[PDB]
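K.L.:
Listed below, chain by chain, are the residues.
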Amino acid sequence: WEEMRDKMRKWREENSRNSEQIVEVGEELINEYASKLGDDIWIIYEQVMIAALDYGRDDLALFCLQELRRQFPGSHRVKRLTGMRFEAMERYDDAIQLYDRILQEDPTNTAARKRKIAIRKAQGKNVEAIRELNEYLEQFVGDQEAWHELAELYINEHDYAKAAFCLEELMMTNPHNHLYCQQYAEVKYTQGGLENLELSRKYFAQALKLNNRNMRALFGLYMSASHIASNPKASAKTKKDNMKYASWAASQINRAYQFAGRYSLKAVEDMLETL
Amino acid sequence: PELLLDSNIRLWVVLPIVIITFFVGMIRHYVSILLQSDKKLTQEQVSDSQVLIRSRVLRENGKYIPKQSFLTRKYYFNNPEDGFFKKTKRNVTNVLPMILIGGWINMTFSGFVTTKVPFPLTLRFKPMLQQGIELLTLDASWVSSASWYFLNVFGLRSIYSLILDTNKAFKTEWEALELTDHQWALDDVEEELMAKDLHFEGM
Amino acid sequence: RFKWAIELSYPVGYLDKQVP
Amino acid sequence: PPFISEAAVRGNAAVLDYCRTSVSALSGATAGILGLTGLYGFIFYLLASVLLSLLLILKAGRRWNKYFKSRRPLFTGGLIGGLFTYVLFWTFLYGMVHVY
Amino acid sequence: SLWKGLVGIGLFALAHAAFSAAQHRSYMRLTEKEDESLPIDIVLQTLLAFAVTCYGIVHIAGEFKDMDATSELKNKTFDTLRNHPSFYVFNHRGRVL
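Chains as they are written, first to last, in the authors' numbering: chain B, 12 to 273, 280 to 292; chain C, 4 to 93, 114 to 187, 213 to 251; chain D, 14 to 22, 43 to 53; chain F, 11 to 110; chain E, 4 to 100.
So that you can see chain B by itself, here it is in the shape it has in the complex:
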């Protein structure tokens, strides 16, 4: 039965916001089992509150927040949760006073800045959020979540060149996960330029050697190579090696979809052959 606890913990660990199941299991486990659980419920309240905000209810929010208040009176985290409550109901300046206060009584506190920025972004404004986030990063380096958010924001502003610099800062450290290299390759391939596609195939490869079961990296390599084999600016040797790259990748994709098939094979073979 305790499985519910471990599933909640899982969703806490690998952030998996869906805020439909969470609130259910929370309200189930917010009951008498609380006294059974023992000194562990508080995190479950901090986790159910946010998912509830995500579901629209807002009724369970104050119950969880007031439990938190009564246990931890002079806290800071519950203050952040009150700021969240405010900004959901669209009291922005109040929340700003709050965050500036608990930064004023604690300058080396990050969460207040990272909520001020969420507010600045929820208004619609981006360009000032970016410089605020950089002025933050100008002090609190080693904030990987921030680097990834910055990369996403530069992407949605259609500046694909500095997002790559952030991804460099972010896959230099923790260089054992495919996702970062893959997203770097997608950035570059989108950026255009042969000098970049030569990197796109490289990193779509390295991101495959690691996992060796990813699929997006595979199609990425296939498309990068196939497009190299038509750009009339490279010596023959380039094109002849990219042809074999693409053909081998095609064979491997054939293997994969064959495993899958136990009608798709038709369409994928068409895609293969048409070039």
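Among the hints, a few may not be true.
Said to hold, decoys possible - Result set (DSS-like, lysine-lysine): computed pairs, CA atoms no more than 25 Å apart in a straight line:
id, chain 1, residue 1, chain 2, residue 2
1, B, 220, B, 251
2, C, 70, B, 248
3, E, 77, F, 76
4, D, 16, B, 251
5, B, 244, B, 220
6, D, 16, B, 283
7, E, 79, E, 68
8, C, 66, B, 90
9, D, 50, C, 70
10, B, 220, C, 70
11, B, 173, C, 66
Honestly, the hints are just simulated from the structure, not real lab data.
Got chain B sorted already, so can you dock chains C, D, F and E onto it with the hints?
P.N.:
The following block gives chains C, D, F and E in isolation, referenced to the frame of chain B:
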């Protein structure tokens, strides 16, 4: 094993001191937890440490990225007067509550013998293992209590685990980063990959 | 002939100078 | 391998020490039970330690190098910290069974 | 969790051996023989207790793990990676409901 000893000794002087030392080695841990402090020193130092660590990791594994980028940051760090390192300028507690208690004991449980150690010892160490006795004829395996206490101490170390300047630093980073090779180190992955086959059998 | 070809088009430690 | 988690490492080291510092005590109590004195007791420690290593090898099927890079920790391991404990349990049981 | 019972059985049997041997020792010091060794039975009992207990404690001691990072990345996707919980915002469709 030639002697016959009172069982009351076992009861009332042996187990007490295989217990006391255990609970004191626990309390020492819990109190050390309750004691340690933690500063809020400054934004400046934390930022400086963070960037120094960025430099460290750069020097360590800055060889999975384009060369020009590595060189660009290396320039932003080393470039004369632009480089970041060229613009910014600025036991006892353990031992003592163990040595103070042996004394209490040897002042309290003094005038008798406690137990035997099954390996023969050297004779010169006798006068300090017994400490009450006036035989000067026994072998030294027959000990007093204090020795049992200290033995317990050393024997229960390993069984709690089972149940539980700025500018110079900057300049040294700069100097150790001057001499550095990119060594891109990704320039055969393509072949290596498409060398035997693709490997996945968990679908 | 690739039918669907698309073309879409200060951070501390970022310069563009092709430094050697 | 090239890329190491460095957390599973300490976990494995811990699940070694949790076997070693226990078996040490156990062998000590055993020796104090079937009372044997001086040299032979020490021999028993070595023998027990050796047997322990073997079991680990049989729990780490096929020497698998994904757990450890080298089998040295299985043989050497934490072997001095095991000594004092063996001594203590030896002494305890001797003083608790044969004297009294 | 049968291995726990196995270990407790080893311990109980070992204690029984210790009791038997203490009382035998008393017999010895009482009949003033002090010449003979221990009966075999006690020895076998204690030794088997020891071996069994080790074989069980190895199992219940825990479980090994790989030291290759990407082993635990095989099952993972952008959806986990992308969320960035410290940058959440709620002015979206869900607030309708």
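K.L.:
Hey, residue 244/B versus residue 220/B, does the alpha-carbon distance stay inside 25 Å?
P.N.:
Violated, because 29 Å separates the two Cα atoms, which is more than 25 Å.
K.L.:
Holds or violated: residue 70/C and residue 248/B, Cα atoms, limit 25 Å.
P.N.:
At roughly 23 Å apart (the allowed maximum being 25 Å), residue 248/B and residue 70/C satisfy the hint.
K.L.:
Are the Cα atoms of residue 220/B and residue 251/B separated by 25 Å or less?
P.N.:
With Cα atoms ~22 Å apart, residue 220/B and residue 251/B stay inside 25 Å; holds.
K.L.:
Is the Cα-Cα distance between residue 16/D and residue 251/B 25 Å or less?
P.N.:
holds (22 Å)
K.L.:
Does the structure keep residue 50/D and residue 70/C at a Cα separation of 25 Å or less?
P.N.:
At roughly 13 Å apart (the allowed maximum being 25 Å), residue 70/C and residue 50/D satisfy the hint.
K.L.:
Against the 25 Å threshold, does the CA-CA distance of residue 173/B and residue 66/C hold or violate the hint?
P.N.:
holds (19 Å)
K.L.:
Is residue 66/C within 25 Å of residue 90/B, Cα to Cα?
P.N.:
violated (43 Å)
K.L.:
Holds or violated: residue 79/E with residue 68/E, Cα cutoff 25 Å?
P.N.:
holds (19 Å)
K.L.:
Can the restraint linking residue 16/D and residue 283/B be considered satisfied, given a maximum Cα separation of 25 Å?
P.N.:
Measuring from Cα to Cα gives roughly 20 Å; hence the hint holds.
K.L.:
Within a Cα-Cα threshold of 25 Å, do residue 220/B and residue 70/C meet the stated pairing?
P.N.:
Within the cut-off at roughly 21 Å; holds.
K.L.:
For a C-alpha distance cap of 25 Å, please report whether residue 77/E and residue 76/F respect it.
P.N.:
With a Cα-Cα distance of about 16 Å, the restraint between residue 77/E and residue 76/F holds, given a limit of 25 Å.
When the structure is compared with the earlier hints, violations turn up for hints 5 and 8 and for no others.
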